[PDB]
Every structure is written in structure tokens, then in C-alpha cells.
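Construct the complete structure from the given sequences, taking the supplied hints into account.
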Amino acid sequence: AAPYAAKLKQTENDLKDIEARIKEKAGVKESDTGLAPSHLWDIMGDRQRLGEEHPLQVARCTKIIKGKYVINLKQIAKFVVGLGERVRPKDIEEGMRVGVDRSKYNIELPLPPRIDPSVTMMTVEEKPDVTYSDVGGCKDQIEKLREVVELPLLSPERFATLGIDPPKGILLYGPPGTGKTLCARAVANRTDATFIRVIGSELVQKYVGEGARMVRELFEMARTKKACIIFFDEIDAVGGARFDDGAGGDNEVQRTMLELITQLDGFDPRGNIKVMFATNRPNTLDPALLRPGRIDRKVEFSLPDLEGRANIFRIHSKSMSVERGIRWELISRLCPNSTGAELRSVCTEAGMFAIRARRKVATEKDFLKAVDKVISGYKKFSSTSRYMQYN
Amino acid sequence: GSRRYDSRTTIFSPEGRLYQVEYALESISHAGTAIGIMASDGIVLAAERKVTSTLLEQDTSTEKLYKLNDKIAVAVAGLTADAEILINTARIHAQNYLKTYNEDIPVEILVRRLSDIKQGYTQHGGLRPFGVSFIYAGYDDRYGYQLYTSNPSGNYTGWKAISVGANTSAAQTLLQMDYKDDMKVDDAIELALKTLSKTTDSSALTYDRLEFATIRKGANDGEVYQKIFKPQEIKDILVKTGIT
Amino acid sequence: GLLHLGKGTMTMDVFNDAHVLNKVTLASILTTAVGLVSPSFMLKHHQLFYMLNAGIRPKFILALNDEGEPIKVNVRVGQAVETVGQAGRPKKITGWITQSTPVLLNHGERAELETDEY
Amino acid sequence: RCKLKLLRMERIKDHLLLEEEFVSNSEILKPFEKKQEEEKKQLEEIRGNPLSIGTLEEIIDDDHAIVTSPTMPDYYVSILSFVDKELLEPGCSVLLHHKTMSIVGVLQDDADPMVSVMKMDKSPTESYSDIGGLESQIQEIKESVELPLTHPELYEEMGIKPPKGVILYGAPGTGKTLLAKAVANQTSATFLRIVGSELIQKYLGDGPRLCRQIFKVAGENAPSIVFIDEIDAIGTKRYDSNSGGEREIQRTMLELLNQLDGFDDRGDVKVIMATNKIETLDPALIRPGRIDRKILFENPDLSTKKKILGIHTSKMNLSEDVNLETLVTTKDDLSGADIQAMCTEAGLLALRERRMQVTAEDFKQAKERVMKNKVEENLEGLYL
Amino acid sequence: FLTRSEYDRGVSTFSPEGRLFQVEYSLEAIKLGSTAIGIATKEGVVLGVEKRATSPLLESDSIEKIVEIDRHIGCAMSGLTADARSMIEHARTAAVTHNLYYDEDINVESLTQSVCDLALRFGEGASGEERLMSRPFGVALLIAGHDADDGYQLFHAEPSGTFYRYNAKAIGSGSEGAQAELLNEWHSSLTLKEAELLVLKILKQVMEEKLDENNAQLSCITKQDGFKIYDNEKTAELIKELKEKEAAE
Amino acid sequence: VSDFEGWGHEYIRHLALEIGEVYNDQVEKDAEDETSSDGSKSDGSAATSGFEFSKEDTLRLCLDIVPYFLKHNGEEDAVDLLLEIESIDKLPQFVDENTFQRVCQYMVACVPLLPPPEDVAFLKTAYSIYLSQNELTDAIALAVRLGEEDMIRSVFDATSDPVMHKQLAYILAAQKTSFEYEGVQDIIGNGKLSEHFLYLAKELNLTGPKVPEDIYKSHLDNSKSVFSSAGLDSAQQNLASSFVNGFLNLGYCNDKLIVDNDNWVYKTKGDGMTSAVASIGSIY
Amino acid sequence: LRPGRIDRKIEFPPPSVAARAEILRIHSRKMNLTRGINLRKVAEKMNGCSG
Amino acid sequence: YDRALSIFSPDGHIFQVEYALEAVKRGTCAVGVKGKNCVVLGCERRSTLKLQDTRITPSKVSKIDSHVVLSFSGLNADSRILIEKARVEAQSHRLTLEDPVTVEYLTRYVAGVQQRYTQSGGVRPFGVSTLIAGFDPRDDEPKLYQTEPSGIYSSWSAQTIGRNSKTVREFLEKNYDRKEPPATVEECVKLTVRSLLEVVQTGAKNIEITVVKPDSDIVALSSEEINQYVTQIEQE
Ligand SMILES: Nc1ncnc2c1ncn2[C@@H]1O[C@H](COP(=O)(O)OP(=O)(O)OP(=O)(O)O)[C@@H](O)[C@H]1O
Ligand SMILES: Nc1ncnc2c1ncn2[C@@H]1O[C@H](COP(=O)(O)OP(=O)(O)OP(=O)(O)O)[C@@H](O)[C@H]1O
Ligand SMILES: [Mg+2]
Ligand SMILES: [Mg+2]
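Residue numbers (the working numbering), protein chains in the order written: chain A, 1 to 391; chain B, 1001 to 1244; chain C, 2001 to 2118; chain D, 3001 to 3384; chain E, 4001 to 4249; chain F, 5001 to 5284; chain G, 6001 to 6051; chain H, 7001 to 7236.
Hints were generated in silico from the structure; no laboratory data involved.
The C-beta atom is built at its ideal place from N, Cα and C for all residues, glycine as well.
Please note that a few of the clues may not be correct.
Unchecked claim - Derived DSS-like pairs (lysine-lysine); straight-line CA-CA distance at most 25 Å:
{"hint": "1", "chain 1": "A", "residue 1": "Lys7", "chain 2": "F", "residue 2": "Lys5071"}
{"hint": "2", "chain 1": "F", "residue 1": "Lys5090", "chain 2": "D", "residue 2": "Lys3003"}
{"hint": "3", "chain 1": "A", "residue 1": "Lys29", "chain 2": "D", "residue 2": "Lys3041"}
Unchecked claim - According to the in silico footprint, chain H covers these stretches of chain E (three or more CB under 8 Å from chain H):
{"hint": "4", "segment": "4002 to 4016"}
{"hint": "5", "segment": "4028 to 4034"}
{"hint": "6", "segment": "4048 to 4061"}
{"hint": "7", "segment": "4073 to 4087"}
The following block contains the structure:
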């Protein structure tokens, strides 16, 4: 071979060895958090320490006895407790968690109920500023929503002047790519109510009856919350129709399907819980989660018109740098009846053709290519006729 | 009802294709090796029986070789039961042609007619195909000696040397290596026996497991002598070639 | 640029100011920002103020040379691009196909381009 | 060859780094400075001896929390609170005090063996143009995967949102697999790779939690590219039918819609999907704006194979005998994995010899073995 | 693909809709058809079709979708043309039969209705008459004609077995973009040439290639000249005179 | 003959005997046949002719001992022995490009093996090999590396002297010197042109950094201008703000009007004024 | 079995009669036989279909 | 049996026609180009297999009348049925209407033939596509038609079907001219040979050419002839 290979073999293995050695000798570090705006904490940190004032065994009430209480600890171990002098008796309720002394069990500080939910604190969501003007068109279907959901939060006066019961529920349905969830992110901007977002496939667990716990508790936590909205997303699985199999495994799923019914109507009403169901499909749903008194007005969300595509595309191309004198009308005509999510992608693929020609701008030429590009792939793909019949 | 249970076996696959044909071809590679080698002086058809027992009678057995007419014989490989029907249909067609023209059928016509019959079963009716492959040895004056193979699809191809049944590919390579453009019937016999000796599933190749027939221009001035040999003549030519 | 191996001359005022405690006086120095790289554009006898096309390659495969050299594959781009820095430094010439021959090669150099048309 | 000097030069930079590093640690890391001594002192004075790993269920905004320990008993713990009141969140591992349990501190990070499958230590020894050939349908995967990470500046001139997503589809062996692994060497951002046969499980309920996870990790590190190899595997692979079946497959797809785009607003997860069963996917999956430019791959043409075959035989020994052009003649619109299996099997002929020369004979012979594969699961011979 | 359907095992089976599924499918195969536009006035009926080239090697002046039934009835097919091949033969036969029996011109409606009787024969063997089809036809016709008793008529014949008399109708892929315009632009004061240029107008907008006489074809039915297919030269003249009035806006 | 394992290890040993020897001649004080680790001499007409003969053979198809001989001597003489052989081989025995890669691979690779006095002496020969070859584009780059004024003029002369007209040659010369934004080349080439005497107006500018002003304007027009500066009166916060406007207008930008308001210039004080006018300069 | 994923494929046949004697011989070292027993005789009494 | 082998698809199709088209894509490739006074059908034959008798085996171009040729791609077995029906119709025309067929009428007949096994019950379509070419009698216009298993018929200036027809079609856009055919027969032949060598490759023994000239002259050129033509193309 070549007269270096005999020693390239060794020189190269030396590279591999020394990288391991540098890393090993240098050592690593793993933070154990502190704070630079703190350098003294133990002047009365030791009062929280070392001289107990005290951390507490958490328990749960199982029996109020009228004039002591029975708690069963989390260490499963049952004890009889009473009232200290930071407790109020009016403030003990069934199933509430309490703190008791780690030595001689006595209630010191009651505590919020129910430690079993901990994965519903990650479905509580801050409102993304997708803005309320972000939604396409000035069409009227979103104005129906502003009558059911938004306005009674702002003004229950006019509904008190009417005296009607204000409608609470509404169905969001229609084709995808219409921005089903995109108008609900807008409405999350405006109303500034709590949004609690659910995934239907997130409601299915390994063992059955485990998701029954989930749904029930999620609802009651929302009852305590005031001025809240629960956004049922993608509940095509759990949420579907009820039927029998006689040997299925669908039964175990249908349990949590039922759990959704029994909380909506309840034996108590929804106290300012506005409810959205977002379904891709009306083709299969429950007839008691689609009964008209608990989903009150249901709004079909449609495909943009020949005007509606011009409005959406103007929101999109006003956001893009194009060189003036163009038609947003023309591009809508060229398209068949279609989604705006395509219109969101006519701009961006026309922009990849804009960078290809190395324009800072976008012109008519590159728009034409883009319109062809998407249509041709649509034909190559499902849902150019799929609606799964019904209206 | 009945549409319920209908299997639809004559439809295409996503391939554009017919599973039943493929499956028939698969089942014929479970059946015996049949070989046709064309010499310039005749044709050798050599077939290896599938069954062999020291209690089997192999002396009235012509399970693989059949005369369609006294110029055209076949080697049969596949389902025997289906093949029998086609054999008698073939003879009937031969006699029909002889009937209306008073002159012996060319090999062309017969091979094609049978191919059409097979084609009908795959084309329509919901029926399964006839799972047979034929090697036709024939003599006609127009093209002389003719060797043909046809398959359950209803397609035919002429060949200079061909093998069907078990180990098609192996015997084909062998024949490539050992073929001459012109040969004798003796040279052809030798090559045939040898090829079956290297492809036989039992360690030894024996006369009692060989069916062996020729059509020879020994007979002169435009006569051909068919011969379906006796196993005792097969024995002797098996010792000639030195296998036994 | 011509040599990436070369050390600068105008960029040394950027290099200069780290050994000294900060003052308003040093703040005066920093308004200078020279060290600049030209945007390469193809040239002619009448002076063309734009480029035509270029190839750029992020990852070479050659270790028989420290940087390798861009092979004839690169990502193609159009006119009007400043010299691309690290993560884009190997730059190949795209002018061959228009019946033009580069006179001034490119690797990622600062150098301007010039071409000859048949 | 002739790279010995540069490897010695790299090695030499390594010697100098190992040296100065080592001595710096050793004895002149001087902890005789008070901003080291005094900070650790009174940090250890509240910090344990046993540090009692706990699991934080939730926090209360009165400088307290409820922990549940894996040993058992819960506790209503205090917090020393030099640790930044609001820096700890459900799912944390917290250090409790061996006396009265107070949150001494907080561990920053912890991991699963199920995300070990997801994450990677690798650094491919192939970089692009070992995908040499098919070099214009690869501008659709380095102008919407590579480039907006490299330059957002270009997409700022035009403004509006930058690209998102690709689906790769075409024949098997046409490079789909290596395309994904080749952009990941260039970009040097967190490359997750997950097989679709692990997204299909024989247990339900944990299916969705796996799929939900991938993108939550992926958004958590600010740049990531998630390779889902084989999303064609979700309708053809299935175990039992009483914990697999329609149901399992439907849920996981549903989960992926929320994750892929949905309402999460998670971090950057550029997605790459390989598939050749694209019609077993939803219309809300192959919906635009999750696929922006979709790439079609078909078999190369005759002159494209010349590009492919020259890449593969550069690694091999050559002679003047070898002729690449006539190997191309024989093949007719076949995959580049077929070409790649001829060159691999050509050295298997050289291995068989124990002769280290590769010759035109070795390439032609393995050509016949490669064509033996194509037409001998066929039994027609000529098209019936 | 594989749109959810409970019934595709029968060809005459219900359907919690209450209607046949196969018929429904048939009407979704007219949306791939090449656009045929037809304007009916009280002065004649104009049938325009896009001949649809697919290659410049394809000779497109030897293919056409204008098909003569008889001197006083013309017909345009859109959808699946292999099915129309059979139907148009049947219709020609019917017309000749009427003239044999009665020495008289057949009503445009009676003819349309006969072919609708033809369309509904799919089945495995049911009602009093034998089913000689097994799957419904996927092709729709625009039957134009003139009879001396109701004047000019334009009928849309469906693969359903239903027929609607239109005053103008477009079918094919671009049928909706055309029909929106029909609703607005049509009236009963048109003249023959005005309707002719109107056809070329709406054919422009559903044009996926470019308008010229090599992928576009006109034909008329007029009372005293019968059914006449416009040759390509004449068509070219009209296209250019459209371009004159298009640059006058 | 037919590649196999054996010679892939044995043949390296043949070459290594000569290799080791030449290296050992610098380290030792015994030196070639008095060093007994090889017992062979590197001088004579017995082994020195073996090195040269080997070099021709290993050059033709490969590159093995060829780079390696040069540096072990430590002399630029060695590199010049190879110059002769290669410059014949530049076109016919293998392409120009392959040759260019050979030359630069020698210099870039051996840098940590070439202290300053050795390193420059090696780059001279490299310059000569290019000058022999067609690419005068390669010559200029390497001559700047050396830094010798003589060689800058030599590549400039190579295009200039042959032609009695402006041909591509003079445009190309002006470009080659233009590249250095140091401008040591620029001054040198401007005065060769006056001597040669063709058009002055285009050529001297093009050698100089004048034309580079022109193209910056073409690029600026595409880029645009942005102003986003703060401004508040009276303190270090005012001093900061007025500096910031130029810090956003680095390179040639258009901000004529902002400069024209001399108010804020005066509202900085002391040294602040100095740095305020200084940031105005960076706008242009 | 797609291209380049599998590159060596090893078929195993049922045993020969020489190979079947060779397995028998290994087993006889565990046992205590009598002299004069041929294991090529035993391998011919067998025909096997597997090891 | 009267049960359907044709089920309507909600896609706007029938699955079996799609599957048929695929079947026709797997078939050997045929090219058709008409000159000004000739027609040329070139066809690939797989003679890669050895010890094949080719004398007695019919070429993949079948004469259906004394002036009308048919070439095919797709299922070889199936095609023979179409071929018999067509020869029969050819004689019928002379019998009842007198004067050999015209290319168009015969094309129309074949179109109806393949169509019928779609629309009927108890039958599946043919996966076969034909190139029908020839002359009308008393005429000298070459007429080249293509029928496809959809039961749809077409006229073409030039056309190609079979395996990898797209490559050759692109070639034909660029080497055949809608305005001008190559006027000499030989040049036409060589244009089609040059076309065939795109995909067919691997020597000049797999190429077959039939040339038809009006006045009922159908002749097929043997391998020797082709060898000469090919080598000329090769040298140039
Ligand atoms: N009406 C609209 N106006 C403007 N933009 C829209 C609209 N609808 C959709 N979009 C754009 O398309 C993107 C994606 O659509 P989105 O994900 O909201 O679909 P979806 O309706 O939730 O469908 P699915 O839930 O079935 O997948 C949005 O982020 C937005 O950019
Ligand atoms: N167009 C090409 N250019 C360069 N190399 C190629 C090309 N196509 C294939 N190869 C080589 O063939 C290889 C085998 O490819 P790989 O296993 O990545 O193929 P694949 O298409 O991903 O296979 P599968 O169809 O099984 O998904 C690659 O690793 C690659 O080096
Ligand atoms: Mg949604
Ligand atoms: Mg793969």
C-alpha cells in the first residue's frame, strides 16, 4: 500500500483514545440549584429546619363524627384526630386532604382535596397569541360562536334581560384544513377564560376504569374553577357511538365514553363551563353527546367561498412581501373549492420559488407554479372526495 | 346466499395478475421432470415418474406419455386428472381437422387450440385453471420436427431444448452446456438420460422409473416411426450410456 | 479570505480591545468595524454588478486535504449573495453551463468573479 | 492517504488540551478563595446527609409542596427557598432533608430508558454525496429541512412562516433511509429516530403516551429533527387482535395529529417520514402545511445509475479491466440498493477467493446473483 | 380511498341513506370528465367540448366528443367514454326505429328518456326484464336537439336514469366554475353568435391548457340546417374575435 | 500483478528503509553509513539514483514516498528535484488539477513541521510550480502568502508583457491585485499600468478599492436601510443613544437626514462628542 | 429480504448418511458399547429427516 | 355464473381496469411511428432466453388483414382471443358489405370488444393494449391507432406502449416531428430502431421490425437487416 498506512492505523487510534481521556479527566458537573440573589438563608432557615414547626403526614377524611374525625393516612393506617387551633371546624369536608402531626396525629392545616390528579395540571394551558383577528374571513360562522360562548362571559346582562338560559355548548365540525382549531386559538385570545385542552386518545390507559378516574376528576376541578372553558379536542376515539360486541375490547373503551355523558348533564348543571367538542367526523358520534340540549347550537364550519379564499389569501399575502399590482382574486379562481391551509402553503412554496430565483420579493410567476404544485398532489391523495357521506 | 361465498378467482391482483395461474405453476414444480430435446433426426421425450414402488406396476403405465395422434405425442407434467380431459379433447380436435380436410394436422394448430381451451378457464366462468404443462413432440412437412411447450395460462413457445416440472432452471443450464445444433437421436438419448440423472430426487435413475419415447426418422421417405419404448429397452439403453 | 489561513490587518482593531478595562475612550475605537468581505459578482468588460449563480457545499468528505475541495454536487443558488461564512464556506463556481468559463476561481475566497463568454 | 501530518496536528491539539486541563484541575484549582469556600459553607449546613429522593406531585404558592415519596408516605414539605421559588414543576426529583423534610434542592434532569430508544449518541461516518445521485429531488429536503435552520434570514425577506415537514415516498431501496441520516450530519441538531414498529405495541393506553412523548421531548430541546422511519408499518404490523387491532392503530394516529401540529405549540420539530403506504394515512396527516413540499422518488434512469455506481466502486480496489458502463446496460430502472448490493457482493466474491483484487468479472458475476433475486420469486419466465 | 361504506357487496342494496350507493358513485365520475359546456337559446343549441390533448404526439383533430345521433339531434358525452360508446349506438338505433315506424322525427325528450331506460338495467337478475349490465354507467350526456313541437331543447341525461331539461348546463371537472357563471350571464334574449362566444368564454376559464382550435371544438344544432360540426378554421376565427372583444375592456 | 494481502504490508517495508535513513541523518551525529540502524547511505550515486528512480515510478500512478523525501531532507533543493519531474507530468501523465492538489497538500500538511525559516523556503518552490503551470490564478495566491513584492509583480507581468493590447489579460491582472483589501497589491500594480500605457481611467480604479465601492451600492439597494435607534437626552444614556445610530449603520448605508440634525451631536459632551462624530463616519 | 439488507443466506439440508453416522459417533463416547458394532450400519438403518 | 367480476368503485373507477392497466405496463414495449407513405411497428422480443425456437413461434405483430396489422402489450395468453375475433370480423365485412375493412372500423370493433368484457357480468376485462396500424383500401394515408383495455380508442401521430414507454415517448417528442415524418421508409425505420435502443439494449437480436406499405404489402425484416441498420445508427 502507501508508506503511511502502517502508521495511519496507530495515529488514528490515538485520536480516539485522547478524546475519551480529555473528557474523563476534565470531569462533568450536574447542577444542584441555588440562586445568586441569595447568600444568607439560615438566620431563620433553621427555624424551618432542625427545630421543627413542622412537616406533616398528609391524610384524608373518611368520616365526620358530629359533636372528632376519622382519617386514613396515605401510609395506609387509620387514626382518630381532632381540631388544633389553626383549624376551623366549618372547614372540614369529606374527602378533603389534611395535614396531621408526624408524631401525635392532630390536624394543623387542611389542604386542597384530591392528590390523585397530577396529569391534568399539564393540560391546563396558557392562551397562545394566535390573535383573534388571525382567523380567516369576516364570515358569519365565527359570529355564531361569539353569541354562544364569548358574549355571556362578557355580558350575561343581555341574557338576563332576555331571561333565556344562555347556550353553553357548541360543536366544531367540518373538513380539516379549514382551521378547525385555528379559530379556537383565536377565541382563546379574546375571551381570556381558562382553557383546558383534552386529547381523546390521551384518555385511554392500560387498565380499565383508570380513565374513569381521570375524566370525572377533571370535570370537578373545572367546577371549582370559575370562568373556564373545556376544549374537547379530537375525541373521535373516546366519544364515539355506543354499540355491543359481545367479545370485544371496545367495551373497556366505551366505559370512559360513558363517563363523558354522566358529567355533562350531571345531577348539577355546569356553572359557567363553556364546552366545545371538536370532531373531524359527525359520521360516528354518540347520540347523547350529540343530543341538542348539551351541545346547544352546532356550527358547521365550511370550505371558503370564491370570496372567502380571496379574504384568507389576503391575510396571508399581506403578511408576505409581494410586489404590488397583483390579484388575490385571480389565485382563488385558479384553485378549485379548497382549503385555506392550502392558501397558507401557496405563499410558502411560492416563497421557496422566490428564493430559488433569489428575489427579495414574490411575483405572479412563482404563484402560478405553486398553484399547480399543490393541486397535483391533492389528486395523488385522499380527501378530494372524502366526506364519508352525510350532510 | 351465493354472492356471499363467491371467492372471485378470475379477478386481477393489484399486480394486474392471476394468483391461480401462479399457484398452478407452483404445483407443477411438485410434479415430475419432463424433458424434450430436439435432434436434427428426431425428438426425444424423456419423463421421470413421480411414484415408484416395488409393488407398483410400471408395465401398463403410460401416465406421462400419451399419443395425441400418430404423428404427435406429448409429455405431461402436473395434475393428471385435469390432463386426461384435455388429452381426449385434443384427440377429438385432431380427428376433426382430419375429418374436414382429410390431411394430418400441423403441430401449430393443435398446440394453439389447447392453449385457447386453457385460456377460457382463466378468462371467465369463475373456474380454476387446468394445472398441466405439455411438451409436444411432432412432425409435419411444413416446418419438419417441432417442439413446443405450453403452460396453464394458455401460452405456447417453441424451443430447441426444454425442461418442465421439477428443477426447470437446473436442467435448462445443463442443456445449454451440452447442446449441439445438430445431433443424432443417439446423442440426444444420451444427453436426455444424463440430464435426468443429475436432477433425479432419488440417488439412482432407473428404467422402472423412466418413461422414454421418441419419434424417429428411422422410417424413410417421409414416414416417421413413433416409439413408446418398453422398460426392457430403456434398461438396455440405460446400460449403453453407462448409468447402470 | 483569499487565504483563510491569513491573518487580518484591518480587523486587528477588533482584536485589540480585550486586555484593558472598559472606558469611554475605548468606546471611541469600536465605531470602526472594518474587516469587511466583498459580495462576489461576475464581471465583464462593461462591468456587471450582479452574480449569475453559485454552488455552495456545507460538508466536504475529503480528509486528504484539511478543508477538502467542493466536488461538483453543491446546493445551487442564484444571483445577489454575499460571501457565505462558516457552515457554507466551501463555494464552487456555477458558470460552466451558460457557455462561460470562469477566469477567477472560487473556494469561499473574498475575490470577485470574472467570466469570459465564447 | 497522505493525511498523517494533519492527524498528528489534530492529535497535537489534543495533547495540549489534555495537558493544561489536567494541571488546571490539579492543585491550582485553588479553593482557598472565599467565593468558593463560603458559598459551599452554609450550603452544606442545610443540605444533607441522606437526601431522601422524593417525587413532586404539585406545588402550592405559599412556599410549600406535597411530595409523594417512592418509599411511601406523603409529606407536606417546606422549602428553604434560596432555590428560586418558581423554578420547579410537577415531575421533578427533589431533595428532602433527613430531618424535617424541606426541599433542600432540586435535580435538574432525569431520564427514561424508553427515551433512550428515541435519543442518539451516533455521529454518522457518511455525509451527503454518499447519497450521490438523485441530486435535484434532494433540493426539496435541504431547502425545507436544512436551510431554515441555517438561514432564517432568507425567509425573513419574504417574511411569512418558514417551511414545515416532508413526506418521503417512492420505491424501497431508493435511498429514503440514508436521506434522513444525511441531513442530520449536516445540521447538527438533536436527531431523534424512531421506528414505526415500536409505535405499534401489544398493550393499549401506553401506545398514545409513547407517541405523545416524542414531540414533547423534541420541543423541549429547541431544535430537533424527528425521523419517523416507516409510517407504512402501522397497518401491516399488528400482534394479537384483542389488545392490538383497529383500536390501537386509530388512537395512535389520532395522538399524532395533535402532536405533529395540533394546539401544543411545542418547540421546533422538523419531521421526516419515510413511507410507501401513503394511502393508509389520514387526510389530516397528508394535509398540506404538515408536509409542505412532498418528495416523490422513482427508480433512477440509465444515466443516473452511472452516478450511483461510481460512488460505490470508489471504496473498492479497481483495475483497468473494470467497466462500469456495461453493468449499467443490464439493469433497467432498478433501485440503487440493488446497485449497492452488487458492489457489496462483489467483494464477497473477492472474499471467497481470498484475492484482494476486484475485477470486471467480480462485478458481472454479482450482477447475475442480483438479478436472480428479482425474477426467481417469479415463476412465469415470460409474461403470461 | 376506502371511504367508509357498509355496502359494496351488492349492486342493488341499501344504504341507511335511503338511496343507492353505486348510483351515487356514478355521479362522482362525471367530475373527472373533460368539460362540456352547452348553451341553449331559442335560436339553436351550441355544444362546446374541450377535446383534451394529453401529448403533442397525440393527434387531437381525429378525436372528438361531439357525436351525431341524427340530423336533428346531437349529443355530447362527458365522463367515462367507453360506456358512452354503447349508449350512443343504442340511441342511434332508437331514432332509426322511430323513423321506420312513423316516418317522423323523434322528440328530443323521448330519446333522452329511452337512454335513461337503458341506464337503469344494472343488476344480477331482478324485475320483469333481464339485467345485462352488472354495474351502472359512469357517463353523462348533454343531448341537444330541435323538434318542431317544442323548439330547441337541451337535456342533461344522468347515469341515474333521470333527465332534467336545462336552459344551459356544464358538466365535467370544471362544471361548478362554469355553472356559477351560467346562473349570472344567461338570459332568454341571446342570439346564436352571442351564445357561441359565451361558450368560448366559459370554456376559457375551465381551460387547463390554452384556448385554440386544436383542443377545443364547437358544434351546433339549428332547425333548417340540422346538426353541423364546426370545422377547425371557423372555430379559430371565433376564438380570435373573442380576443378582439377581450382587449376592448 | 493481482492485488492481494501480502504486498499490501510488505511493500511499505521496502520504502521505509530509505525513509528512516534520511530522517536519521538530522537527528544523529553519526549520519548515514555510520548510523547502524540501516547501514545504508543517503548520498552517493548508488542510493541517490535509487531515490530519484523510485520517485518517477511512485509519481505516475500514486503518491507514496514523493512528498516524504522532500521534508526529511529539510531543503528546498529536494522540492526542486520534484519540480522538474512534475512539470513535465503536469498535463500528459496526469491532469493539471491533480497536480495542483499535490502542491498545496505539501505546504498545508507540513506546517507544524515547518518553523518559519523552513516554511517560507518551501513556499517559494510551490510558487514556481504554479508559475510553470497554466494557472496564473494559483500563482498570485501563493505569492501573497510569501508576501514578497517581487512575486506579486511577476504574476502581474506574466499577463501584461506578452500582449501588446488590453486583452482579458489586463482585466485579469487588475482583479488579481484587487483581491487584497490590505491593498499592498493595489499600490504596486498602479504604476506598472502607467509604465505599460493603456487606458488609465478603468484600469487603475479596478486595481484599487474604488470599484469595490461601486458594488457595495448595488448590494445596498437590494438590502435597504433600517433605523431603530433610541434617544433620550442628558446622561450616559444620551451618549449611548447617539453612538447607537451609527452602530446600526455600519458599512455604507443611507442615513443622510439623521446626520444633518447637528443637535444631538452637540448635546453629547466632552469625549462623547468625539465618539459621536466618529459613529457618523461609519454610515458612509 | 430487500436489496442489500441480506447478503448471505445459509440453507441447511437434512443429514446425509455419512453425516448422520458422525453425530452417532459423538454420542457413543458418552456410552459404553460393545466392540464390533458399526455406526455406519446404524446410520443406514436410520434415514432420519433432522439432526 | 352471472355474478359480477366487476365492482364499481367509489373512486370514480373500476378497480379491475386499473389493475388491467398495470398488467399492460408490465408487458413488452411496442413503438408505432407512421411516415408519409408507410407504417413502422417496432417491438421488443425477449430472446434473452437461449435455445428458443424463433422460426416456428409467431412474432408479436400479427397480420389481421392483408393491410391491417396489430401489435400488443400485456397478457400474451389473452391477446390471441382478440386476434381471432378480429380476423373473423374482417371477413364478415367483405361478406355483407364488400370491400376489405378500413382501419377505423376495425379499430372501433376492437374497442367494443375489450369494452364488452368490462361491462358484462361473469367476465373480467382484458389486460391488453393494442397498436392497430395500416392503410385504407383505395387510399394511401397511413392510419395509426391505439386501443387500450379501457375500451377507449385513439388516433395518434406516433405512440408507444408497454414497459418504460415514458422514456421512449419523451424521446419521440424530441426526435419525431408532428409536422414532418421522415419521408424515406429507411429513415423512418432507423428512427424507430434508434428509439428502441433506449430501453431494449443488449445487442441487436431483441429488436423486431415490421414495415407495411400500402397496396397490401406487409413485410417483416429479419435479424440480418436489423443488424445492418443498427450498426449504422451505432457508428453515427
Ligand atoms: N381560517 C383560517 N385563516 C387563516 N389561517 C388558517 C385558517 N384555517 C387554517 N389556517 C392555517 O393552517 C394552519 C393549520 O390548520 P389547523 O391545524 O388549525 O387545522 P385543524 O382545523 O385543527 O385540522 P385537524 O384538527 O383535523 O388536523 C394554521 O396554523 C393556520 O396557519
Ligand atoms: N441515489 C443514490 N445515490 C447514492 N447512493 C445510493 C442511492 N440509492 C441508494 N444508495 C445506496 O444504497 C443504500 C441502501 O440504501 P438504504 O438501505 O438507505 O435504502 P432504502 O431506499 O432506504 O431501503 P428501503 O426501501 O428498505 O427503505 C444506501 O445506504 C446508499 O449508500
Ligand atoms: Mg384540531
Ligand atoms: Mg429504510
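Against the structure, the hints:
For a cut-off of 25 Å, the pair hint linking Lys7 (chain A) to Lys5071 (chain F) stands: about 17 Å separates their Cα positions. At most 25 Å may separate the alpha-carbon atoms for a hinted pair to count; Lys5090 (chain F) and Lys3003 (chain D) meet this at roughly 22 Å. A distance of roughly 19 Å separates the Cα atoms of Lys29 (chain A) and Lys3041 (chain D); the hinted pair therefore holds under the 25 Å criterion. Only when three residues or more bring their CB closer than 8 Å to a CB of chain H does the claim for the segment 4002 to 4016 of chain E stand; here the count is 4, and the claim holds.
Chain H is given as covering the segment 4028 to 4034 of chain E, and this holds because 4 residues of the stretch bring a CB closer than 8 Å to a CB of that chain, at least three being needed. By the rule of at least three residues with a Cβ nearer than 8 Å to a Cβ of chain H, the coverage given for the segment 4048 to 4061 of chain E holds, with 5 such residues. Coverage of the segment 4073 to 4087 of chain E by chain H holds. Counting CB-CB distances below 8 Å, 5 residues qualify, and the rule asks for three or more.
The earlier numbered hints are all upheld by this structure, with none contradicted.
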